[PDB]
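The task is simple: from the sequences and hints, build the whole structure.
Here's the letter readout for the chains.
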Amino acid sequence: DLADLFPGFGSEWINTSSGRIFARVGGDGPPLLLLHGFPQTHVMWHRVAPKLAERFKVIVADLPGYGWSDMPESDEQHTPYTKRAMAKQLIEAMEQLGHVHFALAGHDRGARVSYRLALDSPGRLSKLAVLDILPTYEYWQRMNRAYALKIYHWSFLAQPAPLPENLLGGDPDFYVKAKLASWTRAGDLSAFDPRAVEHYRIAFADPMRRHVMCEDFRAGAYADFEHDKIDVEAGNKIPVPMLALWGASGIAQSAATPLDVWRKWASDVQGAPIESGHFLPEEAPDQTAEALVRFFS
Amino acid sequence: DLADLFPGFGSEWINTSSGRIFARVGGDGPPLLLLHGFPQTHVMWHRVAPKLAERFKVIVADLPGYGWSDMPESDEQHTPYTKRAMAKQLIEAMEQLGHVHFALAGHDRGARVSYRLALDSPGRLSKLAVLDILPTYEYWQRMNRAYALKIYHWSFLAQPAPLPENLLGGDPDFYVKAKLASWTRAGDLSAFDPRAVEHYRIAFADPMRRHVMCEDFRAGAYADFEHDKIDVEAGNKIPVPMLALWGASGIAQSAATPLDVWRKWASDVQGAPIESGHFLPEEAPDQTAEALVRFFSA
Ligand SMILES: [Cl-]
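Just so you know, the sequences run in chain order H and E. Here the first sequence is numbered in the working numbering, starting from 1 and rising by one per residue. Here the second sequence is numbered in the working numbering, starting from 1 and rising by one per residue.
Worth flagging that the hints you see were computed from the coordinates, not collected in a lab. One thing to keep in mind: the hints can contain errors.
Unchecked claim - Straight-line C-alpha distance at most 20 Å; calculated DMTMM-like pairs for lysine to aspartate or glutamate:
1) E:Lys51 - E:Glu290
2) H:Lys237 - H:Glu138
3) E:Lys237 - E:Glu226
4) E:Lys150 - H:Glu76
5) E:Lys179 - H:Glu165
6) H:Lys150 - E:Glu76
7) H:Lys264 - H:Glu54
8) H:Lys51 - H:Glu226
9) E:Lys51 - E:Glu165
10) H:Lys127 - H:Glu54
11) E:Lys150 - H:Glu165
12) H:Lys177 - E:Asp188
13) E:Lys150 - H:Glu226
14) E:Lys179 - E:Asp206
15) E:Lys177 - H:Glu165
16) E:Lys150 - E:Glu138
17) H:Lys150 - E:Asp193
18) E:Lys51 - E:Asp286
19) H:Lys150 - E:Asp188
20) E:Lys150 - E:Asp188
21) H:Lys179 - E:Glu165
What follows is the structure, encoded as structure tokens:
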């Protein structure tokens, strides 16, 4: 019943010391890892992965605990769902395929895995792309009234268990659909392929998958923020060549641009806005694919 | 069953242009209005009201849209559940009883109605007490990562409808009981009379009542904040003699010395902490009743 949205891609379960990572794998050439975010799975890359697979070996992975990847047991510090630990686990998965130096693009939570990977283990990356995010530390520094209202789920889903888990169990379909529609330019579900929405809905229907998501946001409020704070306080910048794409209707337009922000975090970064809400690869697949192909080539 | 927690008190169902206000009414002497907050009803005063009624004519009212008061249909600006509108409605209700100048004590949302009343219509009040709050402008101005995590429900319940309503509807008993317990000193329900909890649970079980509560917090995020912002930025202070009481373990303190905050908003204010979580009149009834009797009698 779940549609195969990756023509010409294999399906691989990749072992790691924290559990299996599921990926769709297609193409040939230099390796490129794609990492989704919340509340999605690897299938959010389905409109851009084919164009990338024209030039690259493309690995489209479910994040630890998301989609069909295994769910490592968490702990009081949410360790397996911190971006530092997720990056270590995906480094292990890439080693199983023999990739120790690869290109990486991430969106939303997956982009947070990606820039933490670049900060911790820059030798792993040839090039890095992040889609419609700023660093977790920056979004918390920005958490005034306006941001607390727009980005409320960062604090709501980080409340101690079982508060968000209990609330999410009454009507999971409504919540996942709201968290897809809300930051799109259209404000509805029309930018998404209905078969992709069903993948997201089925995943969100499982209480164990929702608990993982809450652990991700708990990590995002605590350890991820502290890890980012150490890099800011040390003046550490990503040295990996980097691309920051963002939605003109995504990150609230403001003071600096997102490129101005990323230049404080990275010594070789280019960027561009895309006519899009938050979900660049689905709302604006042609522009997003074109920008990634040009950057990664 | 709902218990009568003010045995001996009468009842009024008071017409206003915005809908009926339910109140319990007891005692004799100078008039004193008591206003509850979220997620409670007028019954939260049941451990202090009999003591106050020895000295005052005590009016224990359900806020507009709460308890047994009527629920006006809201609008895009949440107008009926703004503290400005609630204060106007309760002024009308008090006029129906012949009270045009009265003493007022509020807790939580009711305290926000109360200080807004003092800002808009100070001549209505002899004296004002506010329990475990800072002004809404101050909660938002303080907003940062630690506060966003500590008091998440201001931003959650202010999300556009129907998202909070949807989430609250699956298991409403769990949410209202978790909130009551979370904000007490001990973190459980031991501070509450179980008959009072049942009043709160029964009100919270009505989806229309839950929608009012969300409209109240939407007002809190939008128009109430804007009304407060106009007053601070203008330097307007409440002139009514004022008492600020807060729980040592309540919401208001957090990271803010409450009396110093209130001195920016009021020109004649005194205050004190009480060893309590948020729910001062139930967690510390003897000290709360004494503090209020002494303040309003002076
Ligand atoms: Cl409040």
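Right, here's what the structure says about each hint:
With a CA separation close to 9 Å, the supplied pair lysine 51 (chain E) and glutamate 290 (chain E) stays within the 20 Å bound. Restraint check for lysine 237 (chain H) and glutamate 138 (chain H): the C-alpha separation of about 14 Å stays at or below 20 Å, so the hint holds. At roughly 16 Å between alpha-carbon atoms, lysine 237 (chain E) and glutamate 226 (chain E) fall within 20 Å of each other, so this suggested pair holds. With a CA separation close to 18 Å, the supplied pair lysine 150 (chain E) and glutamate 76 (chain H) stays within the 20 Å bound.
A threshold of 20 Å between alpha carbons decides the hint, and for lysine 179 (chain E) with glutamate 165 (chain H) the separation of about 15 Å falls inside it, so the pair holds. At roughly 18 Å between alpha-carbon atoms, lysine 150 (chain H) and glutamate 76 (chain E) fall within 20 Å of each other, so this suggested pair holds. This hinted pair does not check out: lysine 264 (chain H) and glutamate 54 (chain H) have alpha carbons roughly 33 Å apart, beyond 20 Å. For the hint linking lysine 51 (chain H) to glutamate 226 (chain H), the alpha-carbon distance of about 37 Å lies beyond 20 Å, and the restraint is violated.
For the suggested pair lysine 51 (chain E) and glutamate 165 (chain E), the alpha carbons sit about 38 Å apart, so the restraint of at most 20 Å is broken. Distance hint between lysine 127 (chain H) and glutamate 54 (chain H) is fulfilled; the C-alpha atoms sit about 18 Å from each other, no more than 20 Å. Distance check on the hinted pair: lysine 150 (chain E) and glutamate 165 (chain H) sit about 18 Å apart at the alpha-carbon level, within 20 Å; holds. Between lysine 177 (chain H) and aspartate 188 (chain E), the direct Cα distance comes to roughly 34 Å. Violation of the 20 Å bound is thereby established for this hinted pair.
In summary, the hint linking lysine 150 (chain E) to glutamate 226 (chain H) is supported, as the alpha carbons are separated by about 17 Å, within the 20 Å threshold. Pair hint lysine 179 (chain E) plus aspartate 206 (chain E) holds up; C-alpha atoms about 17 Å apart against a cutoff of 20 Å. Annotation: proposed proximity of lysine 177 (chain E) to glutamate 165 (chain H) holds, straight-line Cα distance about 16 Å (limit 20 Å). A C-alpha spacing of about 15 Å is found between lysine 150 (chain E) and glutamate 138 (chain E), which places the hinted pair at or below 20 Å, so the restraint holds.
Annotation: proposed proximity of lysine 150 (chain H) to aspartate 193 (chain E) is violated, straight-line Cα distance about 38 Å (limit 20 Å). Using a Cα cut-off of 20 Å, the hinted pair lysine 51 (chain E) and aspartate 286 (chain E) holds, with the two alpha carbons roughly 9 Å apart. Of the supplied pair hints, the one linking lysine 150 (chain H) and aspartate 188 (chain E) is violated, its CA atoms being roughly 31 Å apart against a limit of 20 Å. With a CA separation close to 17 Å, the supplied pair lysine 150 (chain E) and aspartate 188 (chain E) stays within the 20 Å bound.
Of the supplied pair hints, the one linking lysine 179 (chain H) and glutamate 165 (chain E) holds, its CA atoms being roughly 15 Å apart against a limit of 20 Å.
This entry does not satisfy hints 7, 8, 9, 12, 17 and 19, going by the numbered hints stated previously.
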